[PDB]
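Chemist: So the chains spell out like this:
There are 2 protein chains.
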Amino acid sequence: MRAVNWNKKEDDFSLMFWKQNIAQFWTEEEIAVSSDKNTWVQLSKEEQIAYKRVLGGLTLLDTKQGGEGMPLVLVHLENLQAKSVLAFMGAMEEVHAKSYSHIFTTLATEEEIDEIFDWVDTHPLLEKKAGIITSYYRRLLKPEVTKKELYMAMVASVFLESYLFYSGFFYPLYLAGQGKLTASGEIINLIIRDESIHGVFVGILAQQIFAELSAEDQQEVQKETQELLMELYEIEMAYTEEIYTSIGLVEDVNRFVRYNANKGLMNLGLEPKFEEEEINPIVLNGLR
Amino acid sequence: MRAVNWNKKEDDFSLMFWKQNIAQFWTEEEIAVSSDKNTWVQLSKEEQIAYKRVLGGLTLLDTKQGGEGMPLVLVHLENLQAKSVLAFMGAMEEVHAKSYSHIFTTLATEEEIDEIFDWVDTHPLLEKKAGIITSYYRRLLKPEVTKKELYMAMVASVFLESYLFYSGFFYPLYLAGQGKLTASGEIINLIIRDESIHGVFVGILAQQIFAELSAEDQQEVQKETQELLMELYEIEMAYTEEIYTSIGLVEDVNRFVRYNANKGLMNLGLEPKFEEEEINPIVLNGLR
Ligand SMILES: [Mn+2]
Ligand SMILES: [Mn+2]
Ligand SMILES: [Mn+2]
Ligand SMILES: [Mn+2]
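As they're listed, the protein sequences go chains A and B.
The authors' numbering applies: residue 1 is where the first sequence begins, and numbers increase by one.
The authors' numbering applies: residue 1 is where the second sequence begins, and numbers increase by one.
Extracted from the complex, chain A is given alone in its bound form:
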C-alpha cells in the first residue's frame, strides 16, 4: 500500500497549490467584527434580512463542501499529493463556515441566529440547490466509481466553488464597497481568496479525468455539465429574485452570477456561456 512521497511528483501543480493553501491559512479570530455594528444598525430592516439570509446560504454551501464534496472526491483520487491538497481545502471550508457564525454573533441575537438557521434548513430553493450538488457527491458512496461519476462530482464542486457562492458573496462585497460592514467584508474576501484557488485546482483535476474518458463518455459528461449549469442558473435566478427584490438589486446580482458562472466554466476548460459584462463597480471596490 502506497504512502504519499513528496520527493517524487505525481503531477506538476499539487505542490504549488499545497503551498498556496497553507500560505493563505487564516482563522476567524484574526478579524474582529464588532466595529461593523456602527454601520449594521444603519441598514434598513430589509437590508439586514437580506444580509443574514445570504450568510445563511453561504454557510450551507460551505457545510456541504467541507463535509461531503471534498471528502468524497478526495477518497477516490489515485494521486496522493492531490488528495492532500483537497483534504486541506475541505478543512478550510469548515473554517469558512465557522467564520460566518462569528459574524452572526456580532450582528444578531441568539434567537435571531437560530431563526436564520431554521430558515435555511426549511428553505425550498436552498434545499433544491444543495440537493442537486450533493447528489453528485453521494453517487461516490460506493467502493468503485466510474470516471464519469468522479468527473461530474468535480464539475459540481467547481460550480459550487466558482459560481453558486456568488449570489451570496455579492451583498457583503456590495456593502463593503460602500464602507459598510467592512470587517465582515474582509472575512468574505479571505473566503473568496480560498474559494478561487479551490475552484481552479478542482477544475485542473477534472480536466485531467476528462482527457482519459472515451469520446462517447466525453460527449455524455459535456451534455450533463451544460445541463447542470442551466439547472443551477434557473435556481439561482429564483433565489436572487427572492433575496434581492426587496432591496432593488436583482439584476445587479444576476450579472454577477453570470460573470462567475463563466469563471467556473473556464476553470473546467470550457467556453463561457453568458455574454461578457463588467462587474458591478461597487462590488469591485469591495474586492479592492
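Since the hints were made in silico from the structure, they are not lab data.
Treat the hints with caution; some may be incorrect.
Unchecked claim - Think about it this way: if two alpha-carbon atoms lie no more than 30 Å apart in a straight line, the pair counts; the simulated DSS-like pairs of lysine-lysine are:
1) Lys-9/B - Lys-37/A
2) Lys-148/A - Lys-128/A
3) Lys-142/A - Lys-147/B
Assemble the complex: chain A is given as a structure, and chain B with the ligands must be docked to it using the hints.
Modeler: Same frame as chain A, but now just chain B with the ligands:
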C-alpha cells in the same frame, strides 16, 4: 438541509477540540532539519535504516488516516460541529505526512527516498496492518451505514491514532532523548501532540455511538474490538522484531507499544489490557 450553526452547541466538547486543533496548527516550514545531519552521520547504517523504515511506516499510516479514515468517518457523522473538527484533523494528517518527506529530504538522497517508499509499498506487515484498519473505513463506502459499522471504524481510527503509530514514534523519541536528530524529534513531538488529541476526540465520539447501540450490537462490537486489539498486537510484535532486532531495541519498543495500546483502550472508555510499566526513561527525555 442543515448548515453548521456554532451558536447552538451540538455537544459539550466539539468547540473546545476545534479551538485546540487550531491552536496547535503548524507546518513543516517552521522547523529546519538540516542541523540534524551532524548527528545523522554519527549513526550506523543499521540505525539509519531503522529510522528511515519507521518513518516510512508512519507516512503510510498518516496517508491512510488523512485520505480514508477521517473523510469516511466524518461523512457519516450527523453532528456538524464534530464533523468540522474531524475535517481539520484529516488535513493535519496530510501536514504530518508532508513533514516526514521534509525530514527524508535532509537525511537521504532522492534514490534512497524512493527505495524507502518502494519498501513501504511492498512490505507485507505494513500491508497487513494498513489493510486491517482500512477495511473498517472502506465498509463506510455506501449511502447509509449502521451504527455498528461506524463504531468499528472509530475504534480502528483510535487504534491507529493512539497505538499503531507508536512502534514507529519510539525510535525518533529514543534518539532525540539521547540528543540525536533533535530537530526531526521536535517535528515528531508536534505530530504526537496532534495524534494524542485526535485519539481522545474520536474516542469520545466512539463512546457516544456505543451507548446508542442495542445490547446485542454492543456485545458484538465489544468482542470485535478486543479481537482487533490482539490481531494488531500480533502484527506489531512481528513488526518490532523485524525493524529493531538489528539495533537491540525490540523489548523496549514492545513495552512502549503496550503502554500506548492501553492509552487507546482508555480513549475508548475501555479497561487496559496490558500490565502497567513506566515509559522508557530515554523516550521520556525525548518527549520533553
Ligand atoms: Mn469555503
Ligand atoms: Mn472552497
Ligand atoms: Mn498524523
Ligand atoms: Mn491523527
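Chemist: Now tell me if each hint is right for this structure.
Modeler: So, going through the hints one by one against the coordinates:
1. Under the criterion of a C-alpha separation no larger than 30 Å, the hint pairing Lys-9/B with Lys-37/A is consistent with the structure, at around 24 Å.
2. Among the hinted pairs, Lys-148/A with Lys-128/A is consistent with the structure: their alpha-carbon atoms are about 23 Å apart, no more than 30 Å.
3. Pair hint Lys-142/A plus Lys-147/B holds up; C-alpha atoms about 18 Å apart against a cutoff of 30 Å.
Violation of the numbered hints given earlier is absent; every hint is satisfied by the structure.
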